[PDB]
Amino acid sequence: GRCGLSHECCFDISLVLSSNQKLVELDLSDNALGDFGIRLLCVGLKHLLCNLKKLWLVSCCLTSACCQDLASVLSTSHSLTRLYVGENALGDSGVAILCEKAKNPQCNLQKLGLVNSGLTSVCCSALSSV
Amino acid sequence: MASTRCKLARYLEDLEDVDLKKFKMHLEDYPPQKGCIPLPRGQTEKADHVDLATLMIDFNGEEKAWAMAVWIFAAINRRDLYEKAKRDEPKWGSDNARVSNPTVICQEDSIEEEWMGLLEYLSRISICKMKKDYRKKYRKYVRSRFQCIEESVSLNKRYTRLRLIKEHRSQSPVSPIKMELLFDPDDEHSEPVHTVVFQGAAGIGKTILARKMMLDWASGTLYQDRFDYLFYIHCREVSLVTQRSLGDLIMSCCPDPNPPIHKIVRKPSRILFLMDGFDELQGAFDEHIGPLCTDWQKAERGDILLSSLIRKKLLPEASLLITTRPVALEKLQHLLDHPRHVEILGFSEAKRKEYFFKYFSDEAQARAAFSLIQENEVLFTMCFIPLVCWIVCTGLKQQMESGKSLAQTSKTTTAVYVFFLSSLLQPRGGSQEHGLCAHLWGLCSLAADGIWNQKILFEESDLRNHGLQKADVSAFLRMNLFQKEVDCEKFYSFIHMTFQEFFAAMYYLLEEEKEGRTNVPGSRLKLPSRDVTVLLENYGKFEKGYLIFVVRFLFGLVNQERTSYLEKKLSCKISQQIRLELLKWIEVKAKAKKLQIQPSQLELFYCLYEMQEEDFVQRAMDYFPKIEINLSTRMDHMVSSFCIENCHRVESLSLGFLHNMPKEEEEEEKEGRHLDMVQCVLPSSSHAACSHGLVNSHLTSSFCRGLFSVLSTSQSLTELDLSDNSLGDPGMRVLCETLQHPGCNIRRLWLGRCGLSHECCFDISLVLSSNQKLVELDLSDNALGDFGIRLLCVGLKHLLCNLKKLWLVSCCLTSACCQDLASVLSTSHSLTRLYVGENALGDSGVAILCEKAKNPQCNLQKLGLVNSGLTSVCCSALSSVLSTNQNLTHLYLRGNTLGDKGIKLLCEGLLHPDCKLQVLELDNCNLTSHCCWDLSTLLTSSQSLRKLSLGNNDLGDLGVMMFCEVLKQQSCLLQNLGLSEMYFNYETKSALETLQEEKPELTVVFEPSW
Amino acid sequence: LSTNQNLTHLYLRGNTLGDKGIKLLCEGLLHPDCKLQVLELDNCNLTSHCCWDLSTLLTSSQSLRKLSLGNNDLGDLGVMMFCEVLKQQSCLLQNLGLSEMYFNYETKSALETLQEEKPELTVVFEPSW
Ligand SMILES: CC(C)(O)c1coc(S(=O)(=O)NC(=O)Nc2c3c(cc4c2CCC4)CCC3)c1
Ligand SMILES: Nc1ncnc2c1ncn2[C@@H]1O[C@H](COP(=O)(O)OP(=O)(O)O)[C@@H](O)[C@H]1O
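Chains as they are written, first to last, in the authors' numbering: chain D, 778 to 907; chain A, 3 to 152, 160 to 180, 198 to 1036; chain B, 908 to 1036.
Hints listed in this document are in silico derivations from the structure and should not be mistaken for laboratory results.
Heads up, a few of these hints could be off.
The calculated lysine-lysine pairs, modelled on DSS-like cross-linking and capped at a C-alpha distance of 27 Å, are [what the hints assert, rightly or not]:
id	chain 1	residue 1	chain 2	residue 2
1	A	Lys620	A	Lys567
2	B	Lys1015	A	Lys973
3	A	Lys619	B	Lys942
4	B	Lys927	A	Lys1025
5	A	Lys652	A	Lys799
6	D	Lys823	A	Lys823
So the derived label-pair ranges between C-beta atoms look like this [as the list claims (entries may be wrong)]:
id	chain 1	residue 1	chain 2	residue 2	range
7	B	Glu1007	A	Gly698	41 to 49 Å
8	A	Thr420	B	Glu1007	51 to 59 Å
9	B	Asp980	A	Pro651	52 to 60 Å
10	D	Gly895	A	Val707	43 to 51 Å
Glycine residues also receive a C-beta, built at the ideal position from the N, C-alpha and C atoms.
Construct the entire structure; sequences and hints are all you get.
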């Protein structure tokens, strides 16, 4: 966390997630990476990687786009227990995808970190059903 | 005699420097004569001649200042100045002074109060009165000719801020410049520029815009008040052979009983002519007619008057605004230079609703009808070019006067027109006695003559010839709502030129009222030929208005099923044989000549789009594998998408900016032509600047999803080109999913010179993994970087042996990527050619690029390393590469400095017999005569090489001489040699031709040779 | 040119004539008794329009050997007719020189193939690869 990493690393970190498997927790908070990074990290999250339960990704200067990416992995993730994606630039538009993924019984997530994300009341109608 | 200061300054110039010093001292020490106050020492010494004269006047007054000078000239003994001062007595009026607030010695002094106004009124008599008389009149007059009928009664309420993307110079800043400073250039650039032109589709509203633009500025309205006059001229009244002067043209706008034109002949470039519709110009017009016009008042020919006006040779400073039809641009564009092209677009989705906000009076009228448009998306995408929206709202409005709307069946532009006619011909048309179908033919006959004889303004003079001048046409007039009042004097006309061209197409199918009617109103002659082949033969002529809609509407009309139960007054086998005739027209165009004025491929695609149902359109679409089109709006994207849905097996698709497609020449094998640099000239750093701040919110995931959905259904398509396209990474993701489809079948894909980056390279790597059947990729000139190379490599090594060539030049690549390119080539099966030149690899980068080439698995053959920045230090490596590689045969190195030290190793690099080099490029390599002997020795001793290039180097007379010894050594079984770009005298050429004459085996070429 | 039995060469590069003048040039060699073998018309301010006219003479003229026409508005359509010149077997010309105008692939496209087809005529394209 809090380092200066970016997307090229996220390619390398995605390869690391694919090869370690025994890795159970990762903190990338406060690292200014963006969305492409989330795309590559997701192809990592979905290969020999059910064991990953927690992921810290706050303040990574992430736009809403990444939400399309976070949905698909969570749409297939086996044992992702906690997610911390707050304080990034997702917005109510971004979470509109983040609520679609949560309808399935396969969603083994337990916690959700959305503090200071900039969301408004319009997004509550969605997560209420979630 | 206005200024005494200037005269005193001239006398100060006359004074010698010693006399001037004495004059200053005397001015500072002036004695008290005639109440004269001496100048302060600092002011006198610092002041120049002009300033000192002003300071002398300011200190005491003009009369005292001159009197002081006369005394000083005598005191300084400047007799000539003293005599001149006595000889010349200037008038005491005053010079220009920045005393805006008057100041006097008395404490009360003076102010900018009423006194100023009184003085101004006393001295100012003509300027203000003349300006006032010229202004108010012109303004109110130009203002009251566009309203107050008892629909054209409110115009500004019908504004919209219509789109105005002004063509950026055709070889990013926004600057919409809609109203304010639209004529004004950028910083300086071109201050005296006068010509601006508007490009818009037929029916956009360019005629409306001029009326609005007049109406805006016809009240000042915070428009270009720094511009004095505007001149509206629509070419409906203007015709050939008129022999009328500009003043006659000017007095046409405002018929002044006492034309002040002598005062209108004032301040050129302060007056603007708003010329309207080049399409409206009817008749022949030579863009470079022989006779020339420069006289403003001479009664000259109508086209000649315009000719001088368009060339601005008459009235050299007059500004001009010309609404023009895009198809007619080439005439004026060749005619006139530096034209401010302005693309104008119709209403958007929301704006179309906002038009109904202007139009409709109730939501149940507005909201319900508009809701129908959204469901009818084919109509909705057709709801561009606001004229069609006018048809939509008006026609539906009338339907509400009788019933409820439906799907409206308006899937095509023609379907919009005919549905409008059906509601139009409701009350009296149904009865046979008052059947207007024969009268519909009557107006169609008039419509046909409207362009066949170029008389839009037929007037009562010709309507009586074509039909019932009083009784019947009055209903049609009231149905057409405007046929006479536009001219306002006596002439009669039509609503718009689309209607005239629409009815012109109808008469062709109606067999001219069948062959069993006739009954002409005196028209035994002047019948345009019922044949349609002549229509395509005169197609594209300005004499006939380029005949777009006439031909275009024919396709929509001949829909058999549609018009069968719509008209039952339709054509016969004549239409069926017309289709074959029209089929032949489309057939010949693609096969015979691609270079014509503008029979565009998309323009034909518009035609086939109107003609629904598969087979005829299929035969026509299968007449061209060369599809090179440009797109501007959803409708253009839709018609292109729909037309390609037909047929299959199509070879090549082309899109994007284009208009020039260099720097992408394929070489294949055993070619005499290779890929060479172009880089254009003008893109420079502007291309990179546009790639970052492009924005373009009007371009989205749409405009592409549908079009590429056709490509996903390619059905045995092979080649796709996307060069120069402004397609960014999101569109690239859509294209990659499209390619992923098993049914894409695409063989080659070109995306060079675009603005792509690494996110795409992730998507392009996925595409390479999924297509496999892709055999060639061009990513040249795309600023991507190295991460992209890393992702592209994991792509190159999965289900991807088939890829043989890859173009990656100018991709702003650093050396790092070389570590990546090595590993893939260390494992690549069938990568035949590689182009990675002009990137920032350096000798450090190629140090890896040589390591990979040692293995026998390296099935590479060509190598593009031109302009890569490499130096001699890297030659020691690649020298060993060539001997140890059994497949490389070509190497290109033009523009890269090596020097003879590096080239020395190159000969050793081919010294080994197991070398398979056939082609080498060494032009502009910074090479000298010294190494020429060394390389020549190899050339005789090497049999594998075929062609070599060595231009732009220090070959020298002695060096080029050895090529004769090469010939004298019969081992010179080379195939080609290319030298160029160096000036020499006769002897270099002298041996050249003789040995070229002697040698037919070797194709020696000297480019600068005669 | 018609009335002279000895003149065989004329050089006119850089001199503006325009297609109106060049139109008469074809007529100027229309007479069978013309003995012109070399003509220079590069940089003559010439357009594609007259290319058809001069081409007609080229097929119908046997005396001419070499011609130069660069730095003029030949156009894609105009340079195309040189293929029809080849397709008209009467094209027993000895050389042809065009240069100094940028075009896209199609101009070069037919060039090499017909140069490959034709060894009789020494067609040369200076800016060609
Ligand atoms: C790009 C190219 C060559 O096709 C082109 C550019 O401008 C023209 S044009 O012919 O002069 N103008 C029009 O065609 N306007 C128009 C259009 C449609 C439907 C209708 C109209 C007029 C009323 C119905 C569909 C899109 C264009 C052609
Ligand atoms: N800004 C606009 N607002 C509303 N309607 C418009 C506008 N511009 C054009 N129109 C419609 O277009 C028709 C006239 O178009 P016109 O100016 O003749 O286009 P063009 O000059 O391209 O043929 C009118 O019936 C009008 O309803």
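- request: Go through the numbered hints given earlier and state which of them the structure violates, listing their numbers in rising order.
  value: Hints 3, 4, 7, 9 are the ones this structure does not satisfy, whereas the remaining hints hold.
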